[PDB]
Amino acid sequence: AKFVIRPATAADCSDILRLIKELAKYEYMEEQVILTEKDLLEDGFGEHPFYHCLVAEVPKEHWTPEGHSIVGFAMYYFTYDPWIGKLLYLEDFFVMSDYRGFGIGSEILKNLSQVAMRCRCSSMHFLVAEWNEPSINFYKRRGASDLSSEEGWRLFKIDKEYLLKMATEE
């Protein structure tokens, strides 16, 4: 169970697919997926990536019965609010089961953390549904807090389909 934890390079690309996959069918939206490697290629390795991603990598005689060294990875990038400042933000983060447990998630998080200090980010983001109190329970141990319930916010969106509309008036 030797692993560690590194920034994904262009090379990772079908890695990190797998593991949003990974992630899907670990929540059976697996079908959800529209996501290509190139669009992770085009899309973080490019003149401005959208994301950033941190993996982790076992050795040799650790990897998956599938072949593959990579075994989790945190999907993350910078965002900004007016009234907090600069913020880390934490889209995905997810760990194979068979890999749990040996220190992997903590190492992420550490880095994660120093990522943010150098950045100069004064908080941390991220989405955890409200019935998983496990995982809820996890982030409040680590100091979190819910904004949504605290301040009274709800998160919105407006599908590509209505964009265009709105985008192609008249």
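Rigid core (definition): largest C-alpha set, two forms, superposition within 1.5 Å. Residue numbers count along the first chain shown, from 1. What changes on going to the form deposited in another entry:
Taking the core as reference between the two forms, the lone member of 114, 64, 137, 122 whose Cα moves by 2 Å or more is 137.
Once the rigid core is used as the reference frame, the Cα position of residue 158 differs between the two forms by 2 Å or more.
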The other form holds:
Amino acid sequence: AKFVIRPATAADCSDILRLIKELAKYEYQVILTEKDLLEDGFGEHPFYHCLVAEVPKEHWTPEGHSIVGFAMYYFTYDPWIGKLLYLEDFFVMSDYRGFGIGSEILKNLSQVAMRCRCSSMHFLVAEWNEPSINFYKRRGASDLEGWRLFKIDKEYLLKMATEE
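Now the other one: the form deposited in another entry, given that the block above is the form deposited in one PDB entry.
There are no partners or other molecules in what follows, just the one chain.
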């Protein structure tokens, strides 16, 4: 009912994976491990940053968890405009929604963007996810040729890395 928003620490990684998997579940599997998450976020070069919502013992989940929400983000670069904050995952446990946790994470995300001089914050939302679409729209969000996403998988990267 009351809560604190703070940067994640390494000891939060198990809760982060649990919430990544709960958001995946809401959108739809997840093959990332706690160890990856730990190395990728808290090693020498962080590949993502996380804000976490923490509730007092009074309001811990039935399973005993203090962390009831999170956001995962990273920076991207638009070579026409400049740096962007990219919001990757954003989720509050179903029983703690509607009490301002979300809005507080978004204020903290907003602060990061201004500190870091991002012109905009970018994020994906599913078509069917109507409550989230309206929630974002209320806060200023607009929606954005025809350019296709391509990927080259590690087996082909390996081939090119190791040909001369």
